[PDB]
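A lone chain, given as C-alpha cells: the form solved without this ligand.
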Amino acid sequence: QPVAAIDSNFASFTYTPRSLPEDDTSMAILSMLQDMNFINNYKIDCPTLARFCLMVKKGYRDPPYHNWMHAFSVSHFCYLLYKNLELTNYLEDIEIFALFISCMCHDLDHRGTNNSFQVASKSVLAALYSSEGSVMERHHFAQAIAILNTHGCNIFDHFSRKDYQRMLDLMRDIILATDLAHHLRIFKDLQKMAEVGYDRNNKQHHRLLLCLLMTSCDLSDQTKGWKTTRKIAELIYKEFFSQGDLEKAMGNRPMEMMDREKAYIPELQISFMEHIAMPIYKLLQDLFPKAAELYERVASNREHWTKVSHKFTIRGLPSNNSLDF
C-alpha cells in the first residue's frame, strides 16, 4: 500500500503523524518499510512483518505520553529523516533498518515512570537492571527480544548469522541510547564529530550518528507546530505529576518538574527546549543542511512558549467572577 495514498504530505517535515488514526498506524508502518525498500531489500516475509508490528503495538501500555502513538510518531520521524536527509549517504542499509525497527520498540512496556522511580520503588525491573543502569531501556530491549522470539514474529530469522548479529547489537545500542542520561553523557563526542565533520569510513562516527538520530526522533514532537508542542506538554506533565504523587505517597521528595504543587510549566518547558532540544537539532543542522528547518521550528516554538507564559499568572478575576480559589 503506497505511502502517497495515506496523505500527500506524509513525507514532509510539516506532517503531524499523531493526526493519523491509531487503527491506521500499523499499515502506515508497513508502507514506510516498503517505501524505504527494506521489504524487498532484505527479503522480509510479509506475514511475519505483519505479526511483528501488531505484537510491538500490543506491547505498549496506556500511560498519557509513553504509548504506541509515541512509538509510532518516533518511527515516522525516522522515515522523514530517511526521505529528507538522504541517510543512505551516511549509514549502511542495515543501520537504517535497525534504527527504524528500534524506534518502534524503544519504549515497549513503558509504565509512565522514569528510571529513578523504578529503583526507589524496588520494582522487579530495578532488581534485574539497576546495577547495569538505564533500567527501563534494558527492559524495553528485553521486551523486543521476547517479541522476536515469539512464534511467527521473527523478521530476522532468514538473515545470515552476521546480519542477524548486527541487527541485534544495533538494536541494543540504539534502544540504550534513548536514555537521556546517555545522550548527555555523550554530548561532547557528538559535538566533536560535528566539528571535525562526519567520516563515513569511521565506524565510531556511525554509532554516534545513530545515537543522535535516535534522540532526534524521540524528541521530534518539538519540531512541528504550536499545537503539537502544547498538547505533548500536557501529556508529559500529566505523566510527571502522576509519578510525583506516587513519590510523595512513599514519603519521598519528587523533583521540581514532577511536583504539581511546585512545578512552573513555562519555565520547565522553555528550559527543556533551550538546553536539551535545541542543541540536538542544532547538531543535526551542522551535520545535515537539509535539517535546518527542524532547528528553526524548535526555536520558533520556544518563542511561542515565552509569548504565552503570562497566561500562567491570573490577571483580573477568574471566569466565574469569583475569588473562591
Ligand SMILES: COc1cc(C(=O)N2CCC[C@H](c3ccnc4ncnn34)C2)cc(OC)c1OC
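Positions refer to the first chain, counted from 1. The term rigid core refers to the most C-alpha atoms you can superpose between the two forms while keeping them within 1.5 Å. Residues that one form lacks are left out of the comparison. What changes on going to the form deposited with this ligand bound:
In sequence order, the one region between the two forms where at least three consecutive C-alphas each move 2 angstroms or more after rigid core superposition is 320 to 325.
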Second form
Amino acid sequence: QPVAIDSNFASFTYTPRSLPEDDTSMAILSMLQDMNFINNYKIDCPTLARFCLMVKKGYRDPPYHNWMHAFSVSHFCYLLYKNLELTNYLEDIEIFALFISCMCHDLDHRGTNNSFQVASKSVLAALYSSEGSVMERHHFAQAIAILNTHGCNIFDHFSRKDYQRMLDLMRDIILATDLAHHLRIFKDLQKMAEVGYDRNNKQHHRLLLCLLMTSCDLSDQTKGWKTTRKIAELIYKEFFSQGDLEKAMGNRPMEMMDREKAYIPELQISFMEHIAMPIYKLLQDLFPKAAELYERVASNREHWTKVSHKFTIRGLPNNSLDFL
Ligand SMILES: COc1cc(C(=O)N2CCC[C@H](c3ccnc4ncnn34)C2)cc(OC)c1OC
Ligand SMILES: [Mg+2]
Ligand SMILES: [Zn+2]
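In place of the form solved without this ligand, output the structure of the form deposited with this ligand bound.
Full assembly next; the chain just shown is listed first.
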C-alpha cells in the first residue's frame, strides 16, 4: 500500500486516530515510502518492519500516552513534509530523524510525568533525575534498546558518521519533547523568528527541529473540535490518576492533576493560549503555509470559551442533589 490508505491522508484535516490500530504499523511504512526515506538511506525492509513493531509494542495503554499517540505525532511530522517544504530549511537526514524520533518519543510511558517519577522514587528517577527530563531520557533509552535488539537496527548499514548523527538527532529531539525544555528555549526560538532563519547556522537547525517535534507532539489541537475534546478527556483521565496516587502518597498534586480542583475549561484555555498557540505562531512566522494550523488551534481556543459555561451545574445534575 501507498498513501491507497485515504485521499485526505496528506491533508492537515485528516485524523490519524480514525485509522484502525491494526493498520497503523503499515501506515508508518507508507509514510516512510512517500517521503522516500526507505530508498534514500536504503533501509532494509524486514528490519524496518521489525523495528516499527518493536516500537508499537514498546508503548503501554494509559489513556493518552499510548501507541496511537505516537502514530499520530508521527503522522503530523509526515504532514509537515508534504505541506511545508522543510527540505529548504533542514537536511533530509534531520527530517528522517524527526520522524523516527516521533515514533519513539513516549516509549514505555507509564501515564505519569517527570515530577511523579521523582516523588514516587521510581527506578527511572534514580537513573535520570539529576540530569532532568526523566521520562524523555527513558524514552530515548528504550529506542536505543530496540535498535540494539537483533534484527531491529534500521541504521546498521549507515556510515559510522551518519549513524552517529542519527543518535545525536534522535537524542536531542526526544529530549525536546519535555515541555519544560521547550519553555526554556522559547526565547531562543523567538530570536530565530526575529533575525530570520539561517540555513547554514547549525544551532538554527537544532532549534527548528525542536519547534517541529513539539508541533507534532501537540498536533491533536490542530484538528477539529471533535478530536480536541476527546483528547482532552484522555489527558485528564490520565492526569487525575496521577493526582489520586499522589494524595495516597500524602502530597498535593498540581491543580491540573487534582480532580477536585481541576477546572478543565480554564486549564484548556490557558494551555491553548499560552503554550500551544505561540508554538504555532512561531511555526507560521517560520512557514507561511503553516498559517491554517494556527487558525485551527485558535478556533479550538475560542470554542472552549463557547462551552465553559457548561461546567457550572444549572438545574439539577440525573435529577438528584444527593451529591452534596
Ligand atoms: C507546562 O504547562 C502545561 C503542561 C501540560 C502537559 O503536561 N502536557 C504534557 C502531556 C500532554 C498535554 C497535552 C497534549 C496535547 N493537548 C493538550 N491539551 C491539554 N494538555 N494537552 C501537555 C498540560 C498543561 O495544561 C493542560 C499545561 O499548562 C496548562
Ligand atoms: Mg512525552
Ligand atoms: Zn508525546
